[PDB]
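Novice: Now for the letters of each chain:
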Amino acid sequence: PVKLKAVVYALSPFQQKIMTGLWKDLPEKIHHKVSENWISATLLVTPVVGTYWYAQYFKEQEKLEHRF
Amino acid sequence: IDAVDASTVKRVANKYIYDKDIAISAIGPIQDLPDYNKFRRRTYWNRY
Numbered sequence: 001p002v003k004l005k006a007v008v009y010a011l012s013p014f015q016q017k018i019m020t021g022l023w024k025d026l027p028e029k030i031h032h033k034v035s036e037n038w039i040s041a042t043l044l045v046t047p048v049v050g051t052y053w054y055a056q057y058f059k060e061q062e063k064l065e066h067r068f
Numbered sequence: 001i002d003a004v005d006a007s008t009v010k011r012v013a014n015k016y017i018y019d020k021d022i023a024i025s026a027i028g029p030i031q032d033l034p035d036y037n038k039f040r041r042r043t044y045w046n047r048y
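Quick mapping for you: the protein sequence lines, in order, are chains A and B. Letter 56 of the first sequence, counting from 1, is numbered 56 in our numbering, and no numbers are missing. Letter 39 of the second sequence, counting from 1, is numbered 39 in our numbering, and no numbers are missing.
Wrong hints could be hidden among the right ones.
Claimed, not checked - Here are the simulated DSSO-like cross-link-like pairs (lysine-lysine), alpha carbons at most 30 Å apart as the crow flies:
| no. | chain 1 | residue 1 | chain 2 | residue 2 |
| --- | --- | --- | --- | --- |
| 1 | B | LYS15 | A | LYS17 |
| 2 | B | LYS38 | A | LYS17 |
| 3 | A | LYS5 | B | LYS38 |
| 4 | A | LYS17 | B | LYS20 |
Read the hints as simulated data drawn from the structure, not as lab findings.
All chains should be modelled from the sequences, with the hints used to inform the complete structure.
Specialist: Quick look at the structure:
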C-alpha cells in the first residue's frame, strides 16, 4: 500500500448534468485534437495514399503502352 | 414515543433512508472505504 496525503471533494451523480458536457467547449476539443495529432495523421495517411496513387498511375501507363 | 410502532418506523425509513442521497465525511487511512456509488447502492435492497 502507498502512503498518500490528499483531500477529495465529490458530488452526487444525481446533482449534476450528465450529457451536456459532450458538446461543451467543442472548438477547444477540435483544436486540441487537430493540433496534437496532425503529424500522426500525416504519417499514417500519406504512405497509404501515396502508394495507392502510384500503383494506379503505374497501371494506367502500363495499360496504355500495350495498346495498338 | 409510544405512537412509534413497527409500521411507523418503516414509513419514516422509507421517507428518509430508502434510495436517498447521503453525505460522507472521512479522515485518516480511508483507501479501503467504499466509494460514494457503493454507499448509494446500499440504500435499497433489490431482492424486494
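Novice: Tell me the hint numbers this structure goes against, listed in increasing order.
Specialist: none
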